[PDB]
Each structure stands twice: as C-alpha cells, then as structure tokens.
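Next up is a structure, given as structure tokens.
Selected chains from the complex are presented in situ; the others are not included.
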Amino acid sequence: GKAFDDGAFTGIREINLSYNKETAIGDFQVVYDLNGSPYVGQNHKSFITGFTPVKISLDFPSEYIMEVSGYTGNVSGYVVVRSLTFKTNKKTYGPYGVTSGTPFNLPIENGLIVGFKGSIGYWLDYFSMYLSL
Amino acid sequence: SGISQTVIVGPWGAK
C-alpha cells in the first residue's frame, strides 16, 4: 500500500469512500473542519479502479461520529478492511463493503475523531484515527 | 464548568 497520514484537524465535515461488494474498501477522502472552515483532505486512492463511490455528508457541527466499526478479511491474498460503518449521534452510514471476516469497532464516549492515517494498496490495508477533545 | 475533561473510548461488552 501507499501509506497516508492526514494529521489532525478540528472535526469532520464529510467522508468520501468507495467500496466493491465483491472485494473491499477502495478509496478514502475526508473533508475536515479546520477552525470552522472546510478543508478538503488528500484523496487516498486504490492502485485499481472500478469501485462504487459514496459520500457521507455530515450536518457539521451538530452531527459527529460516535463509533467506527467494520470487518477485516482476506481478499485475493491481501488482508484488508472489507467493510466500514460510521455511526453518528444522528444516523448510521453503512455498512459499506463485505461484512465478513474479523470484526473491529472503536466506540467513543467522549471526544472526537479529528484525523485519519493508514495504508491503501489495491484495498484499504489499515487505518488509525486521531482523537481530541 | 470547572470539571476537567478526558477522552473516553468504549464501552466494550454488554450494550
């Protein structure tokens, strides 16, 4: 994969990812907030194409993510994030992708996702999240 | 408020 690191911001306005039912999560791009202004994140794209895009447009600032979850599993020899789900105080978005493999979830009692990092190759290999008050 | 705040992740287990 190519490693990426957005760094930390003020909050999240919008998530653009893509997925394929057959396989896994492909691309990932976040529109962050930065001191009350949108800041368009780097678009982190798969080595391959053919994915179905989605846009998760949050009602910022009153809408925020409370839990990220998904599944990891093996696609054509690659251990990757095969689906993602984003739960806010308002709604659930997803699951996007194949919901088979090993589960993971990050639930949040207090604080905000302010940043994403990871690695994307043919699919999303892994990711981490920056957390702040 | 004068109460200091901290990031909390969780919970895991019973809903």
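All chains are identified by letter, namely A and B, in their written order; residue positions are counted from 1 within each chain.
In this text, a residue touches a chain if its C-beta (ideal position, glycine included) is under 8 Å from a C-beta of that chain, and two chains touch if they have at least 3 such contacts.
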item	value
Copies of each displayed chain within the entire complex, written as a formula	A x2, B x2
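In this section, only the chains that are shown with their structure count from here on.
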item	value
Averaged-CA centre spacing for the pair chain B and chain A, given as whole angstrom	22
Footprint of chain A on chain B - complex, ascending	5-12
Chain A residues touching chain B - in the complex, by the definition given at the top	105-111, 131-133
